[PDB]
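Build the full structure now, drawing on both the sequences and the hints.
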Amino acid sequence: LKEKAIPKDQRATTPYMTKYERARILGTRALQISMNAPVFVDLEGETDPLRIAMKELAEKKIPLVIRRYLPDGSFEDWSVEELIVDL
Amino acid sequence: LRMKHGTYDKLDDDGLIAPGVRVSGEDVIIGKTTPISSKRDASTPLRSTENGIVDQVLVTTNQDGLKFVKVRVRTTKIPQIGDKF
Amino acid sequence: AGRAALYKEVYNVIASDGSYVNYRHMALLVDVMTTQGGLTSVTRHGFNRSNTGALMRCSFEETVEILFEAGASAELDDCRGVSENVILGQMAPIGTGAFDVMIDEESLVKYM
Amino acid sequence: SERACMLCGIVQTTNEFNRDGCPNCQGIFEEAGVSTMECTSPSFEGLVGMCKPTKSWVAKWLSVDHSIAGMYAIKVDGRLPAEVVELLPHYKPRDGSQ
Amino acid sequence: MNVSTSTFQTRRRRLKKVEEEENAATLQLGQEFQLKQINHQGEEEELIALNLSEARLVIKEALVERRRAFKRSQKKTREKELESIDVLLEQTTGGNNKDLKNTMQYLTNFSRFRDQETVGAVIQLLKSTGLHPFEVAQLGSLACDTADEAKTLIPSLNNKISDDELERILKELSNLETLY
Amino acid sequence: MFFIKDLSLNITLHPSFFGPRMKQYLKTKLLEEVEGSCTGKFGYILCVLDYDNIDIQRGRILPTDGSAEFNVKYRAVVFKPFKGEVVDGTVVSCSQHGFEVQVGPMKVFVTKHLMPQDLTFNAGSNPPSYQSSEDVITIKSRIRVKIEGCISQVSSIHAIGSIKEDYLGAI
Amino acid sequence: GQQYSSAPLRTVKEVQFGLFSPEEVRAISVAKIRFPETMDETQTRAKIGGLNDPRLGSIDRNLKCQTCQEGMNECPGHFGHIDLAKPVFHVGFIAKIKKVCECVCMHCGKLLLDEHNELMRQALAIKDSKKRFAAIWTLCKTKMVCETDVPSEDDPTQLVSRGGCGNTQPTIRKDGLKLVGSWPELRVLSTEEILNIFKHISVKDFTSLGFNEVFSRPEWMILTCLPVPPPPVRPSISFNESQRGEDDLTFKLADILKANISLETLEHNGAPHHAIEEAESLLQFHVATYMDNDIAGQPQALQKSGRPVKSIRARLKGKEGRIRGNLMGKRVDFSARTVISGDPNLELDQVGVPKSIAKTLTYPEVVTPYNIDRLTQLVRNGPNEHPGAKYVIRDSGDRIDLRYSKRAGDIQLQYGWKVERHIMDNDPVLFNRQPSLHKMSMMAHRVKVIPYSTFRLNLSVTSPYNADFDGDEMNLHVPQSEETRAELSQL
Amino acid sequence: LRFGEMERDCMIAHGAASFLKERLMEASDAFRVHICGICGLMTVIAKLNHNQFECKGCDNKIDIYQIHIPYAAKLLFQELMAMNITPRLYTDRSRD
Amino acid sequence: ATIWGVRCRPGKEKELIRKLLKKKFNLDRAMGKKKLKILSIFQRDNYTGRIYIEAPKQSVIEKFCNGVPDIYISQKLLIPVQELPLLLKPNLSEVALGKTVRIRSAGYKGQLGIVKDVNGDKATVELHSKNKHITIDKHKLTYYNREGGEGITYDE
Amino acid sequence: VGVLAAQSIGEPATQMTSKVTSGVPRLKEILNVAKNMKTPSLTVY
RNA sequence: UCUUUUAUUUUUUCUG
Ligand SMILES: [Mg+2]
Ligand SMILES: [Zn+2]
Ligand SMILES: [Zn+2]
Ligand SMILES: [Zn+2]
Ligand SMILES: [Zn+2]
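Chains as they are written, first to last, in our numbering: chain A, 137 to 223; chain Z, 2 to 86; chain P, 362 to 473; chain R, 59 to 156; chain S, 3 to 182; chain L, 668 to 838; chain G, 10 to 500; chain X, 60 to 155; chain U, 5 to 160; chain W, 465 to 509.
Some hints could be false.
To be verified - Below, simulated SDA-like cross-link-like pairs (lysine to any residue); rule was C-alpha separation at most 25 Å, straight line: (1) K78(S) - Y718(L); (2) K740(L) - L133(S); (3) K113(R) - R54(U).
Bear in mind the hints are in silico, worked out from the structure with no lab data behind them.
Encoded structure:
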């Protein structure tokens, strides 16, 4: 049943990236870069996957989406570049 | 059969390490074979976290006549940082 | 009134020795203790007699008795519990497992 | 060494059979002309430590009430000879047959 | 065994032992072959069936737009049709999958209607009859002549249609048969 | 009997394969995984429809591994034989024990204990054939068979056929 | 285990509970266990039809299970089944059986009350199964007779026939491991009669009670077909090379099976009805001590050595049990403990690590073109220097140990492989004080390689750990994945 | 080293779910077990060499799923199944 | 009908009935006109761990079974009359490894040691004065016979 | 937050040192809703 | 061309 999906409008969640979120996206992208996924930013002599993921998040160029599960089983898809990561 | 990872070169013909020779890590000190109806070794290796010098070795016979052995190993402990006083 | 009085008593206990603990920790304690009708004790007979996950309940003291009860009653556990996900060995919804990460197909193709 | 009689069930040493025969069945055995060795067997089960012939209701079932206090087996394997089966019509097989 | 294809009906199969209704042609279908079915957006609809001529047409289409997809990816009588469809499949698939080839051969030596307009007319007529999709697919697939004969082929269809109307649809179908 | 139906599949894609060619690579893998497969539960998945409009939704990234599981929704024509159905097919091979009839993608086996008496095998024909007083059956001939039973194997389905009722025979 | 499988990769999302049916046990078991002898008979280990039957699972390293052909490393174990000649109660459900029996009629198998009664409708209205069951039990305790008819709501004088028999109900009591009914005509209720009434109970009758027809039907409460666990649940111990000891559970299974053999033989032969009774009592005792070794008010079962037998509740209940001891928390690889020291010359977020612990622990990193040269230098250095590696994982999963491989220069690194490089500087590693009483008592630091045998930590950090340098010990846990180093760094 | 209940508890407090996974599953003990859709028990005769998966009693051969769980959890579930409790593992969320 | 079943240790029904019955002849010989009220004693091979004695009163049986070891007189049951006919029914049923060696340009000069494992191009030796293993190339180390004396380079 | 509050309330309990009972026994008594009370008290203004 | 072992439980002792 796709009725549980909440469209882009009506979303009643925080637009700011949660610290747990940012932890997971950095870890996920660091792992992908380690396992030889493509790189979306210029490699300025950076070899550490975690730091490459840091630079990618800073440039807001990670092709990832957080499905932000609501308590009742509902959910909201948030694009990572659309999330404002300030902390 | 199943021998231990310890080095067996140090052991003498009697199968017992003599004093004045180092034994380190898993080096065997007593050479044991446990035949049953092929040699099927059952030796007692040295402790992996222990190193030192074999200080003394004694061979006797228990009350049942079976051979008994006691092997004393000596080491020097100099104080290090983690040592407690 | 029972909840707020019990908060006041806990705060008195914490402050008797001079220790200061933030209000909302006590608030959340009293609210879990009073979330049902009465004051559910933090004991064998209290919160552990609730309707939470069977595996979570047996993770507390009375394990085999609760497991026998769950088998008799054919209880279904939804595996939304921390103890459940620890026991079965999945990434529990703790702080990062509350969501999942998804590839952005459209953005990936568009940037190329 | 132990042997069990096949008619009255008295059990005792093969030696004591060889000396005194069968105390309960001596008359019948002599009348039929059969030695006690053939009418005894070594295979027996279900002993009975037997005291009161005239008062034991177990004995009333097992047909020992007319015998002496003694040593009796509920089962004694074998078929009794015809030369005593005919002369003791009231007997029944002790192996549970019939 | 292998990576299987999942299912959309959230089945209630919670420890119930094998209780599937007996597989039969008397409408005693499986649990997943039911009249009701859930669409992609989540709406309940009636099962849609189709005849052999529909099978050939939809397969031909699906192959065609698959070819057009391959193409834009790389940018950046009874014999000619057989040969064209053969070379179509050969250029489409690698060649190892012989099952599609066998199905091609079967569907192309057996099907009644060769025209999309005739196909649409028959679908509209079967809609007017309003019978089960399985039933109408069978009727458009198999060849029949007489009402009693057709009842014999489908014994389930006892109390579903009048003899006069079955004869009517049958003669209408007979006229709509194409002569290759 | 060739029903169009709703199917979906989980495809796990290793992180190295993320890229511009995400679409076409997954497309090809899906076609290999679906074409030619067979399952007793669903029948026989012959051909996936609307290739160009298959929706590859937002795929999960697995927790332990970066591998991404995509649930693809699609339409596909599925075939499952049913007990008690009349179908015509072509004989592929003949023997004293049976002659194997090709029905769609799969073969139907017919036993002599369910055949009319008049039909009689003759081994003097090359290939071996069955003769009657009104018709002759041979490999290159269309024959109408009545499926009564189905048995499912690991990667196939088999059907049991007979011809006793009216209009069941060779045309 | 560790091998390719073509099944889908999956995570569980519910756990259903219930009971085995005897038919389910019979259908799911791979073998029947009938011979009490476990092994050693005629110097053959494959005791067919007995305990530790190879069909139940591999007993040792043989690469041959006779069921899956996958070896002990992969075999999950397959149960046997033993059909008891008579049914026997479940220890865990003694109170439950008593409760149901006093709730329901012991002749017709019907509840003493019905929706005709107001209190009964109120009790049934409770949605939650446990409180509902409690309500019905409290109501049916007072009733001690089956009324064939009950007054009607429309007219009290009018009596409506509720159905069922008219037999007066007995007072059930618990004496030891059996139930005794006082009608007084006091008598022990036969477990066969109890199981008879339980099957005769209707579908609605227990659906109203806290039971489900599909999951846990009330007759399944009683053991008729005991499932015999596979060898991995009951592994054998070795005193010496020749002296082998069967596990406590295996010993209890052998005892139960001997009891069952005696009982079925005694059934087949003459049944005095009291020898049968004592044999049934012994079988129930053996099952009860096998499955629960802490029965109140009853002699405790002793092993050969005179010590309590390690039973199911014994292994699942205590802190060292399977849940608390082996699942809530449990032993860990890629970790070290040692004494701690204060080092004011170390940054706040940084911890000194002994060189030996550094050379011991490793973190596996996948090969990339970014660090191919670095990983080549480390694989050349080998395990024997601090910067190096201990293992290399090939794509096929074949793992080569550098200490035992002399061709380390020849081994060329390829993308996709994994090298178990040692922990270098700046690697996040969790650092733990053992009385972890609060969140801040477990934090991740940055490794600093230093040659000495203590964990040097910057000394402002001792406050959250509540740590001294008076012999305290702390742990270091190395993350094994980039995912985990990331979450350790930013959380 | 024994990742105690206190240690697990502090990790829950911290929120490092991937660490708690990798500590309790990858480090301590990881076992792949096969289960079937109908009953969801670890009694699937899975001959991975022949790629044939069987579940007697439910007769199915298709709805077979592999799950990675700790050996401790596997052995607890075996223990309970001996104990006539059903630790039954399933997929479809029904109550939602 | 007064037949009472008594528990006793299994495997010795034969011997316990033997001791009881021999004791009974001894007693009956000993006593005068009054002689004790025990009617019969027996057992079954199929039913182990138990004996069956037919006697009128519990104190008579207790008095009789005093002085008999191993009998569990504390467990007796009065067998009901209905169970007796069925009970009494007649029919039931390299050369550098492990050698002594010295180092000659390193911080550990003059250290004797024993070769343990070699990984190619480098040998591991345990210092004979300190508790450490060290890795160093073999061509640069000198090997001796088992006993101290003549020294040779890596040419054996 | 639940675990956070549990640890935040448990940590002071370990370091706890006109009358009314206080300290660890009092915290235990609050946690364990007890019908009987060591030192009942009623403050009436 | 790799592999290759270190029983179990009951007790006691102390360590933080
Ligand atoms: Mg300290
Ligand atoms: Zn005689
Ligand atoms: Zn197996
Ligand atoms: Zn009744
Ligand atoms: Zn199943």
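Each hint, compared with the structure:
At most 25 Å may separate the alpha-carbon atoms for a hinted pair to count; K78(S) and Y718(L) meet this at roughly 19 Å. Restraint check for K740(L) and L133(S): the C-alpha separation of about 29 Å exceeds 25 Å, so the hint is violated. Distance restraint check for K113(R) and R54(U): the Cα-Cα separation of roughly 23 Å lies within the 25 Å cut-off, and the hinted pair is therefore satisfied.
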